[PDB]
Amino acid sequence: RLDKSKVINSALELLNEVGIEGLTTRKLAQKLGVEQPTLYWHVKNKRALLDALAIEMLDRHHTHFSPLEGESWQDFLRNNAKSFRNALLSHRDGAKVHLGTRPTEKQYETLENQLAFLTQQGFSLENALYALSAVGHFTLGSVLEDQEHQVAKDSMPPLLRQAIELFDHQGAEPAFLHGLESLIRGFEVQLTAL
């Protein structure tokens, strides 16, 4: 298994060194000191590699995937999103690596449980689904922006000036927590109306 090999740690390191673009099975094979047929025996192509990496990031850094019992659905959602975000930021291009990942048998177990929890709070199955996907889409989107501008990082109009300096002083986390609260609060308003 990849479990008993240094393939994942070696790819994770290469990822940090060159990013998802420069990460190829060829370079990984050279990093490992082996030729390609042997790396192929461990993992078949870059997509299968990224999948494994995505899941390792989740395994290592995605703490709050199911709700603490007694925890409100609002709290579950906040902490789930923060936890997913921490996973995506744990490595370079973590969000791009996640994109296109095939959920595992466990990720379905975990997503059945999440749907069970919200429907118990009076979300229709539809709205539970939409709620988790909106939080997920928002978070993925944020981290993608964030990670693309970690790379980049008067006559000017006041409002634009204020908005730029805002992100220099405060970074991306307040914007993240703000959008997350806008979502959770919007769910409450929507639930109430329906």
The other form holds:
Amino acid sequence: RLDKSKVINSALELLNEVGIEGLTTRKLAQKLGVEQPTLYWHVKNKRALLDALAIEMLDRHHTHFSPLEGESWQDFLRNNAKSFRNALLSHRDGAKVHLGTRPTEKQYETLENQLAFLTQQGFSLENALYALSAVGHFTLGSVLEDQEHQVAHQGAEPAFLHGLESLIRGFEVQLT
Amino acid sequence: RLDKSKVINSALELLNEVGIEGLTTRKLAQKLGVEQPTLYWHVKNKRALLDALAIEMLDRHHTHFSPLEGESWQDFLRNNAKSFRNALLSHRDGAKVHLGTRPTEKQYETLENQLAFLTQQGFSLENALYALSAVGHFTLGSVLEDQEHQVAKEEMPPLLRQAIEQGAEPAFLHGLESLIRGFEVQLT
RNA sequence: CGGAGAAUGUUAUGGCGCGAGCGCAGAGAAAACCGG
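Next up, the form deposited with the RNA bound, please; the one we just looked at was the form solved without the RNA.
And the full complex, kicking off with our chain again.
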């Protein structure tokens, strides 16, 4: 009948059409061909819908949350930022959708596993959390301004890549 | 007796009370004790009000937009970021208010003076725009998550629980240092 | 008090209730309608 699969697939399509500000559960119910009380069992309001959209965009496109076999910490942080940025760009206003959500327990566990990997490579526990925070804040900030100006030099990927590189070589220095 | 000075002063007080999501020109009109048609002459909608609020917090708190006498480019970028961050934190949801406003002509001129200062100090024109953009994106991202976090204070793994033992300023300062110490490398 | 988490509408120079004035409300509105 009507599973979480069609709910979120239709919700992500309507997010692209309308954006985060005009997206309503009523437009999703009409797009799905269901009454609003029926949809309330799968999504209870806009806040719950945005929470689900952000989680789904990460599971779909944030694939490089863990280091690969024999991958340097520099390459890991590099591809962790690119993966996170791809999720935010997977859909319209994806960074705005992500900013309004609260992290699940699985994301905290994933973050602890990242601190473990960084501390294993010579990072202090304090510096390992700062490196991950800085990369996240920079990536989120870059996409937020990029998607805000996407309503209208050009090309935000070079700015992101050169800034991510500035972070990585800065991390290398502060190790010594 | 309703001038632009009292409008934004009341508006920023109202921003702290209700936040960016609950801020409306009608609640501003009610706080000012005027009918909505009267307030329309000074601010035309929420978008115009947010544009004014973002500019006002910068003029008030973004004071270190220019290098001091004999101040290194490292110290300038450091204190330019700290000054910019102070503006975003000056009021509730200040980073969200800033995000979505379009730069005026004076900040383009102010920004040109910043590329000028950086290009003099050895930066390539290309690298000067990358350094300033990265510092801006990092500062904006840090305050956005920081201000989003202290709203969630209406309500975990131990190694993560060992790092939490407390605010966002230490993370901001160290991350800002990672950028600058990285900029030093990319010059050579 | 209930149909009802109704409709419509979004972020308000307007919409609405009472009657210049007082009052209501925002995507889990204010109105309007039906029922005891």
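Numbering follows the first chain given and starts at 1. Just so we're on the same page, rigid core means the largest C-alpha set that superposes within 1.5 Å between forms.
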- [ ] Scan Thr104, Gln120, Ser90, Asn79 for the one whose CA shifts by 2 Å or more between these two forms after superposing the rigid core, and name it.
- [x] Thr104
Open item on the list: Core superposed first, then measure: what is the displacement of the CA of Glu69 between these two forms, in Å?
Closed with: 2.8
